[PDB]
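Asks: Letter by letter, the chains look like this.
Protein chains: 2
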Amino acid sequence: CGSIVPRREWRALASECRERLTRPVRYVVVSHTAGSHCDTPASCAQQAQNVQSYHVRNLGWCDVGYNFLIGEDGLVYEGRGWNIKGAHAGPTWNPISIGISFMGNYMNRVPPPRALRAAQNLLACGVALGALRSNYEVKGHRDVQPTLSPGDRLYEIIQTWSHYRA
Amino acid sequence: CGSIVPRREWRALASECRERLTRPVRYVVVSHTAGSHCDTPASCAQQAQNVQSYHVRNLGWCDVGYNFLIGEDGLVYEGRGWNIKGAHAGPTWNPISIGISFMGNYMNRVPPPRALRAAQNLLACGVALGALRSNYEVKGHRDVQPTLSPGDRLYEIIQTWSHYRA
Ligand SMILES: [Cl-]
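Here the protein sequences come in this chain order: B and A.
Going by the entry's author numbering, the letters in the first sequence line up with residues 6 to 171, in that order.
Going by the entry's author numbering, the letters in the second sequence line up with residues 6 to 171, in that order.
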């Protein structure tokens, strides 16, 4: 599970992150890359690649910041995964949360349902393995940090999720 | 659970099928369409429609014959689903099995690993839901009917699965 595209499959560089997430995690933070969007597996590999390159080469980070990335292709791409503390929501939220990030800018476009489906299924396949709590709370990026992420349109949608909390 | 692309999404004609399966189902039979492959949600949705069409329109079937279709786009396309008897492996096997079909021809080519991951992830969801038995048995199309399906490349692969039984 759960049709997660593994690091090696999207041509990732080697993670160098050591700091580990205490399971089971209470919080999920939903962001956007505010990068280029992609609707094929081929373009979404290329794009996940591009995100990690910025984070690693330019920002000198130990890996891509997000635990997981959602493509409009409808597949989840493995970032730091369930166990490795992210860099997506800053110091107060990074240690106590999983960050998933929709690849693209969602101010003036919604993600297609398969992307929204992928995410929800990703979230379920996280309780199952005990990475997430049963009663996990979903926060928007803007709900924990000064940012427009995850975009006006995607933010509206996640407010309607059963697990969402302001 | 499953991130399955639902009938409405690939724009599938309303099913006319009535006869049910008895849960939990013991057998999964793996086929190929022997037809044109697709590696985008866009072309793969169209392909499900094409296979549905051939089955409904040319063979006068009540619906696409497969319970589920697997795209090379890495997405499961819903057919008859977990509860409805399909038309994929003839009259001995149709009433006691789930039929999943890889959209393509896997005599010369292997399916890309995201296809193989969706298939496996699907079955696990079948078991989760109780549509499939915990001790399900995965069979080749060729293993229960005189055919080439699911093709030797794919057949080779599916023989390496833990639930596979000659
Ligand atoms: Cl970092």
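By construction, these hints were calculated from the structure, which means they are not laboratory data.
Ideal placement from N, C-alpha and C gives every residue a C-beta, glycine not left out.
Take these hints with a grain of salt, some might be off.
[Said to hold, decoys possible] Where chain A lies over chain B, by a calculated footprint (3+ residues, C-beta under 8 Å):
(1) 21-27
(2) 39-46
(3) 73-81
[As the list claims (entries may be wrong)] If you anchor each label on the Cβ, the simulated ranges turn out as follows:
(4) 11(A) - 168(B): 19 to 25 Å
(5) 113(A) - 167(B): 43 to 49 Å
(6) 115(A) - 41(B): 25 to 31 Å
Asks: So does residue 113(A) sit 43 to 49 Å from residue 167(B), Cβ to Cβ?
Replies: Holds - the Cβ-Cβ distance for residue 113(A) and residue 167(B), about 46 Å, lies within 43 to 49 Å.
Asks: Count the residues of the stretch 39-46 of chain B whose Cβ falls closer than 8 Å to any Cβ of chain A, and tell me whether that reaches three.
Replies: holds (count 3)
Asks: Per the coverage rule (Cβ-Cβ under 8 Å, at least three residues), is the stretch 21-27 of chain B covered by chain A?
Replies: violated (count 0)
Asks: Tell me if chain A covers the stretch 73-81 of chain B under the three-residue, 8 Å CB rule, please?
Replies: holds (count 3)
Asks: Can you tell me whether the CB distance of residue 11(A) to residue 168(B) sits inside 19 to 25 Å?
Replies: Hint holds: Cβ distance 22 Å, inside 19 to 25 Å.
Asks: Hint says 25 to 31 Å; check whether the CB-CB distance for residue 115(A) and residue 41(B) agrees.
Replies: The hinted range 25 to 31 Å holds for residue 115(A) and residue 41(B), with Cβ atoms some 30 Å apart.
Of the numbered hints listed earlier, the single one contradicted by the structure is hint 1.
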